[PDB]
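Peer 1: Given next are the chains, with one letter for each unit.
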Amino acid sequence: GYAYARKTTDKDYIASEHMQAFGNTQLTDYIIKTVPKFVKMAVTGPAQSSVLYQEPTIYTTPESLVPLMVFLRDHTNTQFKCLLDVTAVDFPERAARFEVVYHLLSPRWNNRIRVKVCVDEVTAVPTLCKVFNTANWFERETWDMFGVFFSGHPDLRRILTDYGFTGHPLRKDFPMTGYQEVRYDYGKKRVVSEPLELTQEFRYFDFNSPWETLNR
Amino acid sequence: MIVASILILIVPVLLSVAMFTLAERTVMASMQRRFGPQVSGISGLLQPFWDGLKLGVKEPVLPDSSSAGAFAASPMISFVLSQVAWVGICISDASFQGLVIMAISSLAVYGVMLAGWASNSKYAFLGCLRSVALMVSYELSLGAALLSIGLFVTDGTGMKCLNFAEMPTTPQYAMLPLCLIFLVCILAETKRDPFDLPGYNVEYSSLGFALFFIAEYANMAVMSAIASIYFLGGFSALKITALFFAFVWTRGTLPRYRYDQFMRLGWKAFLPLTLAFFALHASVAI
Amino acid sequence: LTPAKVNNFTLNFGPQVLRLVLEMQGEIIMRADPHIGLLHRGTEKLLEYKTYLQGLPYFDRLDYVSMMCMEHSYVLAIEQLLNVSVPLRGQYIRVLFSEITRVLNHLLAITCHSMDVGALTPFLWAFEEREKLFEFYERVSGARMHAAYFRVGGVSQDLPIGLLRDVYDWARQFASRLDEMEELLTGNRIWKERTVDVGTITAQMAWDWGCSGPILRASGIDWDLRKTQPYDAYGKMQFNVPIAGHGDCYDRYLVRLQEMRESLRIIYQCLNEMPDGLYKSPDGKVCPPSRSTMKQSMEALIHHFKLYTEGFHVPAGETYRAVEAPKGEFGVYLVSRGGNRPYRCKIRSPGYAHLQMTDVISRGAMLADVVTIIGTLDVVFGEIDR
Amino acid sequence: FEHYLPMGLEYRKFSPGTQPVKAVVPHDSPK
Amino acid sequence: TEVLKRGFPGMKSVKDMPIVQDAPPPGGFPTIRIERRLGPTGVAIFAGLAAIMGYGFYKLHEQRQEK
Amino acid sequence: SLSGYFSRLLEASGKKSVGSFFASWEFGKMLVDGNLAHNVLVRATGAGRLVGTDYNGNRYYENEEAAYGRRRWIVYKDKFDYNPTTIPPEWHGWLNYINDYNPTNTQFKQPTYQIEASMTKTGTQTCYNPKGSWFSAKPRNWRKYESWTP
Amino acid sequence: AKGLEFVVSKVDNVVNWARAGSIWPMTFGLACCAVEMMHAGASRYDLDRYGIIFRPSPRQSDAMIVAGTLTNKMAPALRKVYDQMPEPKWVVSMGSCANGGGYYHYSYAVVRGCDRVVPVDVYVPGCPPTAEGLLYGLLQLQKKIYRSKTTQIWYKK
Amino acid sequence: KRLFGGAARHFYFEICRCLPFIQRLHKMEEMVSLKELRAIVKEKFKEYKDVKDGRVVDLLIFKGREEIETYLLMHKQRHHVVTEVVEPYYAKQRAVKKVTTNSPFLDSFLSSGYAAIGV
Amino acid sequence: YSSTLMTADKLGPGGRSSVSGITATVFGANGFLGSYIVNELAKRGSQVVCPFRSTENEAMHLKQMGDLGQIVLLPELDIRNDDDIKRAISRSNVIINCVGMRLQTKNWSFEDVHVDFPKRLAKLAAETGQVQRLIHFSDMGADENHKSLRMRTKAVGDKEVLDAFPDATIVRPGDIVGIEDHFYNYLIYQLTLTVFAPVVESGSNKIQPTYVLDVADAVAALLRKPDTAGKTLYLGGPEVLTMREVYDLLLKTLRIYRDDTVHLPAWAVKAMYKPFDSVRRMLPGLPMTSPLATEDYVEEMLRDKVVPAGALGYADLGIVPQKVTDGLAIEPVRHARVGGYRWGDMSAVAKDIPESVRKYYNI
Amino acid sequence: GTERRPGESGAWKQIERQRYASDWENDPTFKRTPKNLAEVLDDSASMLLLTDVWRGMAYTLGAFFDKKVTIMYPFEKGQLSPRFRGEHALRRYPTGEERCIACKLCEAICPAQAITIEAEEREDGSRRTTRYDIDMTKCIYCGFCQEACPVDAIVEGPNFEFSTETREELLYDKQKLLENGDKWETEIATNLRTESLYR
Ligand SMILES: NC(=O)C1=CN([C@@H]2O[C@H](COP(=O)(O)OP(=O)(O)OC[C@H]3O[C@@H](n4cnc5c(N)ncnc54)[C@H](OP(=O)(O)O)[C@@H]3O)[C@@H](O)[C@H]2O)C=CC1
Ligand code: SF4
Ligand code: SF4
Ligand code: SF4
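Residue numbers (the authors' numbering), protein chains in the order written: chain 5D, 67 to 282; chain 5Q, 1 to 198, 205 to 292; chain 5E, 76 to 91, 98 to 467; chain 5H, 29 to 59; chain 5m, 2 to 39, 43 to 71; chain 5N, 2 to 151; chain 5F, 8 to 164; chain 5K, 17 to 135; chain 5P, 33 to 395; chain 5G, 33 to 231.
Derived from the structure by calculation, the hints contain no laboratory data.
Check each hint, because a few of them may be wrong.
Unchecked claim - Keeping only pairs whose Cα atoms sit at most 30 Å apart, straight-line, the calculated DSS-like set for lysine-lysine is:
#, chain 1, residue 1, chain 2, residue 2
1, 5H, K41, 5E, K376
2, 5G, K215, 5N, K80
3, 5K, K92, 5D, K255
4, 5F, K150, 5F, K17
5, 5K, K43, 5D, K254
6, 5P, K337, 5P, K284
7, 5E, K317, 5D, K77
8, 5F, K96, 5Q, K122
9, 5G, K99, 5N, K30
10, 5K, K79, 5F, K87
11, 5E, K387, 5D, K238
12, 5D, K103, 5D, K196
13, 5H, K41, 5E, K366
14, 5N, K78, 5G, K100
15, 5K, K68, 5K, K113
16, 5G, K208, 5N, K78
17, 5Q, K245, 5m, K63
18, 5m, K16, 5H, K59
19, 5P, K155, 5F, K164
What the hints assert, rightly or not - One-sided and incomplete, this derived list gives chain 5G residues near chain 5m with beta-carbon spacing under 10 Å:
#, residue
20, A77
21, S78
22, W86
23, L229
Idealized CB from N, CA, C, for every residue including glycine.
Next comes chain 5D alone, as it looks inside the complex:
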């Protein structure tokens, strides 16, 4: 626990000069020098915390994710006591189609960070419940939405879809409206899922001009 109310007066300031300058210019280099094995790729991004600074982003194998998170929460210079969320992104073009995302907040020094691990559909991701309590439901939701497994979890089960729902809706290949629709039948007196049917089919519109340069 940190960020305790210490000053009785109003604060016109954010953090200290030396700490802010380090965290905004040499924090990434410090991370690289400290645990280069835990480091695989480095990106300093648009500074989630504030629009006027720079903040890093971490890429690594799932093998060393747990000790890396332990250090990032427990290091005297990196007190990232708040893990905001865990999510993932689908990259169907790649050999590994999933980019799991980890976000941290450091109220000790008003900073933030992003941590990413790139995996495929059949590789386990060690759970971070032992490091953060909140990872339980985030891992649950990520598994529900993509099928990303987390080894060693207490109980990994769906949390947002239907009870009998199979499939992960946030996958890029997953249909927008899906496969099944549900309606009530008087004859059976039961509410039953049925093959999806639409009075008006969805309209997809191609606005992407053949001149735009920013397309990637």
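On the provided structure of chain 5D, position chains 5Q, 5E, 5H, 5m, 5N, 5F, 5K, 5P and 5G with the ligands as indicated by the hints.
Peer 2: Only chains 5Q, 5E, 5H, 5m, 5N, 5F, 5K, 5P and 5G with the ligands this time, still in chain 5D's reference frame:
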């Protein structure tokens, strides 16, 4: 004759209970900077009538996995107890009339318990017991308060009794703490704030629900008449309406207690106080 | 790997939209397992088929108690990747209306918590001021709840003339309304005994449990995003931070009330510092032009045609931005591929994190306090289930 | 102590569609 | 463009375009209360209660003698 | 003032005498509809003045002394089937506190294609239906081509 | 015979009077439209003024108002509660989410309109509809109940 | 001793162990016995008998654990049992030896201009 | 006409959003059988017209059963007025009738419901010229030489419909079971909530009860098959049972340990029901009246009511009638006994009791 | 007041703690111990005889004799603004010709997909719609259509009381939209005469 008198007592009870719930709604609105029921009849002077008729025409549903006889009879039993209590209030001459009504009120606990065991609802199973325990606990303090009152009730012949017509026509200024604790116990007996944590009739419907509310408000009016006779120095409509106004006033201003909290309150603050006051009154009256 | 064997205790707390399953050894709760997803509308996948402007109303219905705060985070996340500066008057309007929205959220939350506890008068009383602020919203956006007012680079329309007059008039008596609101619960032994020392939370657990908003403040934690990571004109604003140190429901109640007081102070400061100038960013290639400009100029007409059909193309990249929501910290993770639709838009909701604390907090408590836990948690399933 | 619900003309005197003064909203930078 | 909108006949420069918005009145709005704004002596209350109860006791004794 | 009260009551109810009023079926329905009775007896009878009358016969009243949000009120002529849909739009803005313009003080522009206001027909068989509905005069087959007939 | 028919018609009038003026709905705090519903019963609009009381059970519930979006996971529970409603009963559809799906109409887990599960008597449009609009819709429900003639049908059966 | 350690047979054995409680809790006494219920569960396994990754089999078993667990806590009501368990069995044993002598291609041609999709 | 009814305008796989191109009007739709018939037709994507005499409250359940614009509600139907009938079938090439009565009323007699109205309906159907299928319903116990007035009127109306419309299809099912049927529910109201249950004579008469969903699929198949036009099809279950056997199985289902039924001579039963049958007229009808307390029921119980030998049945439709004694159709009646967890005192049910419990009670 | 007391804590861990540990005394937020007969009598008056309920009771009672904010719908309405977004409607020109020119900007911008448009050139060479439908049961009333239209054709009218008994009545076609526009044109034009200074 006797039957006709019973019916003549019955009619104002039902009409006035309808009016009581209507006026409770409307006064709650007045204290909430709103108007309340006003469209349903002249100034809304017709709401409870249509509500009762609507619940009359509404379909009664019976669970197929329990004993429906108790389900029907429990609101019936509570309504019967309310009518009997009213008869004992107005159509009685028993020497222990107050004790009679106290024992009668002790019986109304079963209807909630009968309903709680009747339906297959777990939270009904729990809330029925909670309300039962609350009223049971406060019944001892109510009896102690009546014990204190009986220490000065004497008729002209010199016999000590509980007859209502022989109660003094003056307020009892010397038992104001006893009166206050009795009023709070009355508040507790009717599941009103700050003792509205327990509802038990959740799976009930229709005129069963109507009869539950009839029994609740009739018991409230019975306790109001008891309090008026005991502490306010007589039995009159003005005092009934004033006590109901004050009860709505208290309901609209306070939140409810927790279960074990009012348990502790009743079992450590109210009953011992009533015991000490009873001892003091007995000592002085010697 | 696990049988059932001992059935014994069994409970079902509500299909009606929270489903709760608890475990008691009697009168005291030992386990509590919420089940959610009854409001999971799959919006995040739905976002992928909408333009940035098309998907904006989705953020209205994530927290339908607090709307402009929900808009603001997504708008900031767009703009930061777009490298767009917001005009001063727009920032003033955004901050002021955000404070009003925070006031509405606090009012409705406290009133619902009271009604669950058993107090009905403050509910009705505060909904009158809530209707007043709904009138304020309708005057400025034509919608009572789902305004869609915030825009990338500013707001849709400027404030109508005569609005600040009524805003100040409302503020002139909102303090009296709050005062009469407090006296019904503040000095009451019943309200305290119901709320005091129920659901105690530590700073260490809270930072372990990812708390945000007033719950964090009640644990002796000095933290406001408006003072640590300020956005728009919040840095200029001067206001206090309520601080409590018990982690109690009564403490959270008082913290929210003092937060309302500070919000009123910020409202006053914004009212007396409203500047004159542009309310939209001058970049027509992202911001729509004026209708008068559109109808008399070829270039603005072309930009109106293109933006309202295809929209601006965010450069490929990624960012996450959060806003000091009345229910905590509301953040949105934006993934950009380079097109006119966001590739992947993850939404972070503080109530979803707070809702995860039920099992550990409800331990040792009573069924009369589960409703207290839910009410003091201040959770909207719209953001919890997206 | 301030009273809720002011009487006539003390709050929202003019309807929004009948502003007494014409509105001049800028829509471009003079620079 | 904007000249055709906000400009007036004989306007010499673009800097002269008037602006009429929703603005605070001159001097700013008046100050408002922000913080919370808040009985009988227990000795006096107890004295009154005791006096009333003692009068009741005296009435009780008198009526008991009469009875 | 009892005479003034009864004068206002006659001029609001639209009848000719107190005997004509108390004996009319509109009074009888007022004995069962509290909102309508409140209109007839309380709000229209207070301090205030009439504003104007629409072509549906409804009357408009305003009371500046009242608090905001309750200054203006309307009496429907159709005493048994009162409905807000019959209020003309040129009174809708003043009734809804959207503008301060009414026909008695504002001369609007009337299009030649303007359709008057009336009661809704919802719940009836004469209400609007889409062209592919069974209630339509001639059913439509929306096939986008012509079938060949021998 | 004519007098008996007249009595039947008057009794039908009274029955409609009672049933319309004492409609008790049940609360489904589903989504956005519930807040408008909650404000509809508040001081400004006073649903209770029109004989409206919200009951904790379907057993006392007279009609259902759907205030919020309906999911596939929630549809069986909604059908459960509606099937716990006693007769005579009605359903009021408030909000486009309840109407036809609206802004989630192409979602995979959204029931496209509560019509697909339960019948509906009143359709109230708006996202969200005004509390005034909800008042108007419930008054139209009262108007529909007014035209009902049950004992008139039964006497001619 | 078996392919991938034979985790599939262990999963089937576990589900068969847990099966009778499902039958008693869901009132399938008057529709099915243990044997044909076990046959249903067996036929469920045959959908993926030709998978060649142990990892995929592990994830299949984990999702089957979730399905059987949400079966255990009654989260899927009787209608789910109707729509997936006993009516499919009645249809399978009901349309046995149909009297249609046309080839499936000709059946599809007489059906519609496109093949049927979904259940 | 042969198969153009079910094939020409078929659009879609056959779901709710699909279009079968079939327009039909059903009479007695809000009735027990007609409701399921309409729900079966519309669910395949057909336009359905539902005119009704009863309340819209009793009819709102039918509104959900169809998609937008495919449920047509026509209130205030008058069977004595042909205008509403002409409007009801002005666009439908298919006509289905289920308007039936079991007790006579001062305002409607057996002839009025069972002869004249179907005759005029068939006449107007032939006058339309665009109707392809006229579906009429009767009882399996309908015969012109029966003492029962309702059965005789049914047979006469069937003959009249056949003469008026040559190609109309006649369906004569027997006992139809269901959640809200008029066969099991009254039997429960007679076994329970009553002191004693009369049974006509020996009660060994043979009947062939059937299930409603089989009837709905039968209607679908009849619309599918062209050859069935102008014919008569009888519907019955795969078993033959007597009234005594049905009562015994019902008592087993209810697990009642007290046989409250009694075998009585038919004249005694008639005298029991004589006073309330001579007052059946000059009365607008009363609720909670079983159709069983009539002399026509007694005459029904004196004859067997099963499918005639060589009659056209479910097999002609390629339809296997599901079990009615047990199965999914028996679950609703089991919900009178909730299926059985702790109800009643019964011990003979020890057959299905779990293992360890019986060793606890040592049997 | 906000002070705390021993026994008024609603728990067991805290209650058991304070009755067996003086930790609450070190807390300044707990009301300090009475020190004389006067303070003891004050505490007794605080606990017994209520004196806390009494204040809220009196305030509520004053609210009873206070004014109200209740309005008598439908004979009274609320306050709204010209920016109000209600029923979608189609506008014409004062000569009588449709404003909509089927540029399909409204359909393109609509995130609800509730607008279906078909159009071709009219017999006079005019570019006019042949099918103009908006699903009100699907329309979210966002007003983005009103923002996109460059000829002020589609507008959300000030009509908000248009609930129907059946869902089919809300499937708005071109004809009903034109009817609504012809009905509500004057009010919409008056609102535009105000909104033009902002839009
Ligand atoms: N086992 C069975 O149930 C058998 C049924 N049938 C036939 O099946 C059909 C329906 O069976 P079931 O539905 O179970 O019986 P129901 O009584 O449930 O169906 C009765 C229907 O007939 C309508 N009806 C009767 N007389 C009139 C009339 N004069 N004017 C208007 N409507 C009228 C009723 O309308 P309202 O609701 O307004 O009365 C109701 O819709 C009947 O025709 C019956 O002869 C044949 C053999 C056996
Ligand atoms: S209709 Fe709109 S406001 Fe109402 S619940 Fe649905 S999304 Fe929310
Ligand atoms: S309504 Fe306006 S935006 Fe839509 S097609 Fe017509 S002209 Fe274009
Ligand atoms: S208001 Fe919004 S939802 Fe309605 S038609 Fe216009 S763009 Fe579509």
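Peer 1: Does each hint fit the structure? Answer for all of them.
Peer 2: Now the hints, each set against the structure:
1. At roughly 34 Å between alpha-carbon atoms, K41 (chain 5H) and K376 (chain 5E) are farther apart than 30 Å, so this suggested pair is violated.
2. Of the supplied pair hints, the one linking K215 (chain 5G) and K80 (chain 5N) holds, its CA atoms being roughly 24 Å apart against a limit of 30 Å.
3. Between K92 (chain 5K) and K255 (chain 5D) the CA atoms are separated by roughly 16 Å; this keeps the pair inside 30 Å, and the hint holds.
4. Of the pairs offered as hints, the one joining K150 (chain 5F) and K17 (chain 5F) holds, with about 17 Å between alpha carbons and a cut-off of 30 Å not exceeded.
5. Annotation: proposed proximity of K43 (chain 5K) to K254 (chain 5D) holds, straight-line Cα distance about 17 Å (limit 30 Å).
6. At roughly 23 Å between alpha-carbon atoms, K337 (chain 5P) and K284 (chain 5P) fall within 30 Å of each other, so this suggested pair holds.
7. A distance of roughly 12 Å separates the Cα atoms of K317 (chain 5E) and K77 (chain 5D); the hinted pair therefore holds under the 30 Å criterion.
8. Among the hinted pairs, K96 (chain 5F) with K122 (chain 5Q) is consistent with the structure: their alpha-carbon atoms are about 27 Å apart, no more than 30 Å.
9. With a C-alpha separation of about 29 Å, the suggested pairing of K99 (chain 5G) with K30 (chain 5N) holds against the 30 Å cut-off.
10. For the given pair, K79 (chain 5K) sits about 28 Å from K87 (chain 5F) by alpha-carbon distance, which is consistent with the 30 Å threshold.
11. A C-alpha spacing of about 27 Å is found between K387 (chain 5E) and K238 (chain 5D), which places the hinted pair at or below 30 Å, so the restraint holds.
12. Among the hinted pairs, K103 (chain 5D) with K196 (chain 5D) is consistent with the structure: their alpha-carbon atoms are about 22 Å apart, no more than 30 Å.
13. Pair hint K41 (chain 5H) plus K366 (chain 5E) does not hold up; C-alpha atoms about 40 Å apart against a cutoff of 30 Å.
14. Proposed proximity of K78 (chain 5N) and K100 (chain 5G) is supported: the alpha carbons are some 28 Å apart, at most 30 Å.
15. Between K68 (chain 5K) and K113 (chain 5K), the direct Cα distance comes to roughly 35 Å. Violation of the 30 Å bound is thereby established for this hinted pair.
16. Distance hint between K208 (chain 5G) and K78 (chain 5N) is fulfilled; the C-alpha atoms sit about 27 Å from each other, no more than 30 Å.
17. Under the criterion of a C-alpha separation no larger than 30 Å, the hint pairing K245 (chain 5Q) with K63 (chain 5m) is consistent with the structure, at around 22 Å.
18. With a C-alpha separation of about 8 Å, the suggested pair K16 (chain 5m) and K59 (chain 5H) falls inside the 30 Å cut-off, and the hint holds.
19. For the suggested pair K155 (chain 5P) and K164 (chain 5F), the alpha carbons sit about 25 Å apart, so the restraint of at most 30 Å is met.
20. For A77 (chain 5G), the interface hint holds, the least distance from its beta-carbon to any beta-carbon of chain 5m being 4 Å, beneath 10 Å.
21. With 10 Å as the threshold, the beta carbon of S78 (chain 5G) comes within range of chain 5m, its nearest partner Cβ sitting at about 8 Å, so the hint holds.
22. For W86 (chain 5G), the suggested interface contact is upheld, since its CB lies about 9 Å from the closest CB of chain 5m, less than 10 Å.
23. The beta carbon of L229 (chain 5G) comes within 9 Å of a beta carbon in chain 5m, closer than 10 Å, and the hint placing it at the interface holds.
Violated hints for the displayed structure, listed by number in ascending order: 1, 13, 15.
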